[PDB]
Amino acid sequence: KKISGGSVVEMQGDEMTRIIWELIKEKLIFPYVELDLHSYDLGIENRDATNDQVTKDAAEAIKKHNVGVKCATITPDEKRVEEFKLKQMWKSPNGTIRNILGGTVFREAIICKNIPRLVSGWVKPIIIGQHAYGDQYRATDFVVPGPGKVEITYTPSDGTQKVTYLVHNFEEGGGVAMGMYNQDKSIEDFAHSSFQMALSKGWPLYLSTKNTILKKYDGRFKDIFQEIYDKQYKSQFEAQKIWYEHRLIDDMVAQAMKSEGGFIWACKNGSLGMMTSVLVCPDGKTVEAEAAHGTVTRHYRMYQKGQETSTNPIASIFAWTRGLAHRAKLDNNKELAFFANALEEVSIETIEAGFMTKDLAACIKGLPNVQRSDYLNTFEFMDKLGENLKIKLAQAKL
C-alpha cells in the first residue's frame, strides 16, 4: 500500500501551472503517498469570490502545519481586473503569505548533466537567498528641487540627545535623495533562516556584504550573523563538516565562478522551468515550497486554443519534493523521505536520458535548430516521468 505522509498544506493556482499541478498530484504523488491534505484553492476566481479570505486561511494553515506547497497564482493588475471582472486589485498571494509567515526565500536551479550551465564546473547548485525586502518595507525617496541641505536624524525614544547626519549639501542645482532602514529583528531572522537552510542541506554558508563601503549598515549584517553563528550554530556546523564565512561581494563572485557549487549564498542587496523556491522561516520548522516561475500565461493561451504545449513541470514537481522531504524530516518518516528523493532523481534522470520539454531541448540544440522530435509535450513528459517513477520504485524494493 501507500506511504503515510502526514499533514501538508497545498495551495492550488492558476492557468498553465494549475493544469500541471493536478497532473503532478494525480500521476506522481497520489499513487504513492496518502496525505492529511489541507487544500486551499488560490485560483483567481476563488480569491475574488471569498474576498481573498482563502489566501489568509492558507497562510494560517501553513503556520499551523509547518509544510506548504504552493502553485503559481495570478497577481492581479489592471488588465487582470478587466479579464476576470475582479472586485478589487487583490494583493499578491505570495506577499500576503510571506507577511504572515516571515522567513527568507532561497532559490535553487536544478542541474542536469546534459543541460549547459553558466559555469561549466558547477556540478552542485548554488542556493541563493536574498534578504527579504518585504511588502510593508518602503524606502523614502524624494526630489531635491534646488540648493540646500539634506540631513537624516535619529531621535531616541529614551529621551537622550538626537543625532544628526549630513547626507549632502547641494550647493548648486538639485538632484534626489533617499533614506532606508532595517530592523535588527529582520537581520536576525535572515541569519537564522540561512543557518537552518545550510544545516538542512548540509552545505557551507557564505554571507556577502559591502561592509567596506557601508561600514555601519552592512557591518550590522556581518556582526549579527557572526554573533548568532558562534553562539548557536558553530558546533552544529562543525558536526557536519560545514562552516559559515563572511565574504566581500567581490571575492564572492570570484570564488563562485571558480567553485564546484554546493553552498548557500546569502546576500543583502537558465530555464525558469528548472528554478525552485522555498520560504524558510527562522524557526527552522516552517517552510513553503513553490516554483520560482509564474503561471506561464503564454503557454496557457496556447492550451486554451487547443494547441500543443511543452511546459516544463520540474520546478513544480520539486516544490512537492522539497515540501514532502521537509515533512519527512519533521516526522522522522524514512519512507516518505526516500520517496521524495527518488522522485527528484527520476525527474533529473529522465532529462539526462534525453527525454525533456522544449525549453530544455532549446538549451541543448539552440532554439533555431530544435525539432519536434527533440522534445516531449507537457503530457508526454508527465507520462514518461510517471513510468520512470514506477520503475524506480520497483527497483528500490529488491
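Here, rigid core means the biggest group of C-alpha atoms that superpose within 1.5 Å across both forms. Positions refer to the first chain, counted from 1. What changes on going to the form deposited in another entry:
- Of the residues 100, 111, 150, 81, exactly one exceeds or equals a 2 Å C-alpha shift between these two forms once the rigid core is aligned, and that residue is 150.
- Annotation for residue 194: C-alpha shift of 2 angstroms or more between these two forms, rigid core superposed.
- The two forms, fitted on the rigid core, differ between these two forms by less than 2 Å at the CA of residue 302.
- Residue 318 shows a C-alpha shift below 2 Å between these two forms [criterion: core-superposed Cα displacement of 2 Å].
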Second form
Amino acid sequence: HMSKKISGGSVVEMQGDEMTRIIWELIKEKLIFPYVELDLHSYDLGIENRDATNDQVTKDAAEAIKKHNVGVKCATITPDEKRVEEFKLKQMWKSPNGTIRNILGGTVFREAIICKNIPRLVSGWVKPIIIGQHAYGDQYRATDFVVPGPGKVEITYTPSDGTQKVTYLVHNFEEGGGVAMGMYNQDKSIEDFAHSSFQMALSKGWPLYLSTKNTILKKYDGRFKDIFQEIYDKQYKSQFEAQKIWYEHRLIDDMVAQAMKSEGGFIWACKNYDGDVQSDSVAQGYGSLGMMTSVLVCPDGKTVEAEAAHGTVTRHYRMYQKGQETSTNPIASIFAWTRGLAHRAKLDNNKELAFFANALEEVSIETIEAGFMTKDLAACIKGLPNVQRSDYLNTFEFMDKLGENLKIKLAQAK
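Given the form deposited in one PDB entry above, what does the protein look like in the form deposited in another entry?
Chain only, nothing else included.
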C-alpha cells in the first residue's frame, strides 16, 4: 500500500546564496518533500536575482510573509564593496534581513541547539540561553556623518504642534574634526519588544533579563527600563510569580559577566546592537555557529519568520566550488524549517505536520548524540587539531544519515 503525504499548507520560502543554498536544496529534497506536500510560495533571494529585480524580490517576499504568516529564509549575501565587484551589482543593495525586519517588525529570538555529547566552550552552560533582539532603531536607523573641521554639532527636537523647540549641544569641535551620530527609537516598538520578551519567558518557564546602559544614557536607555517595568508590574508580574520565575533589569556589562558564569536557562532581552553582538558570542560559546537558530516574532502574535543565525558559509562554498570535500552543519537550517512548519501547524491545527516537525528535530539531535556529526561538532569534542577524518561525516554523508534516520523514525510512528 502507498502512503499519502502530509498536507503542509502555505509557506513562504526564500532561497539563499552559496553553501547555505546547497544545504537548503538538500534539506527540501531529502527531509521535507518526501513526507510533506506544501503550497510553497517561493522567492529567489539569491544575490543575482536581487540584482535582476532591483531588490524587489526582497520586497515581495516580505509582503508574502504578511499574507501567509509563515516564512522560512535561507542565508543570503549582504552586499559590500567586494560583493559589488564580484557579482557586478548595479548598486550596493541593503541587507535582505534588514529589509524583511523593517516591513514585518518584531523581536528576533536566537537559541542554540544543544546536544548532550557536544561540549560547550563555556563550561557551566547546561541549559540554553535565548536572546531576544529588538529588531528596530538605535544604530541601524541612525544618521552618522563626518565632521570636516571645527564647528558646533547640535541635535534638536521641533514639536509638530508648533512651538517649544529644544536644542541639545552635542560637541563644539575646537581642534580638528571627527564624527557625529544621531539615533532614535519609538515607544510603540519598545512596548512590543517588552510584550514579546515577557511572553517568551512565560512560554518557556524561564526568568527574563533586560540589559541596558541606563547609568550612562539615563533618558535613552531609561525609557527601555521604564517601559519594561511598567508593563511587567501591570500585566505580567502575577503570572511570573505563579510560575516561580522573575524579571530583572541588568546593566549590560554586568549582564555579560553574569551570563558567562551562569548555567543558562533564561531569556535575555537585548537592544538592537547588543542583540546582534551578544548573540554571536553566545552562539560560539555553545560550540558551533552552525547550531544557532533564529526566529522573528512579529508583534501581531501570528506571523513568524525562521532562519539560521549563521551566514552563507562562504569559506565552505569556495571548497565546494573547487570540488574539495566539505563538512557543513545543516542543523540550524533544518530547525529553520521545523520551526516554521511547527508554527504553520499551530495556526492550521495540523497535528500531522506538528508531529513531523518535532520528529525531524528529534532525528537531528539523536543522530549527533549517536556519534554521527559534521567536522565542526567533532572539533567541539576532540579539539580541531586532534580531529581525524573518521571522527565526522562530510556534508552529503551527514544529510544521508539524517535522511535514513528520519525514514526509520516516521515508519515506526506509523
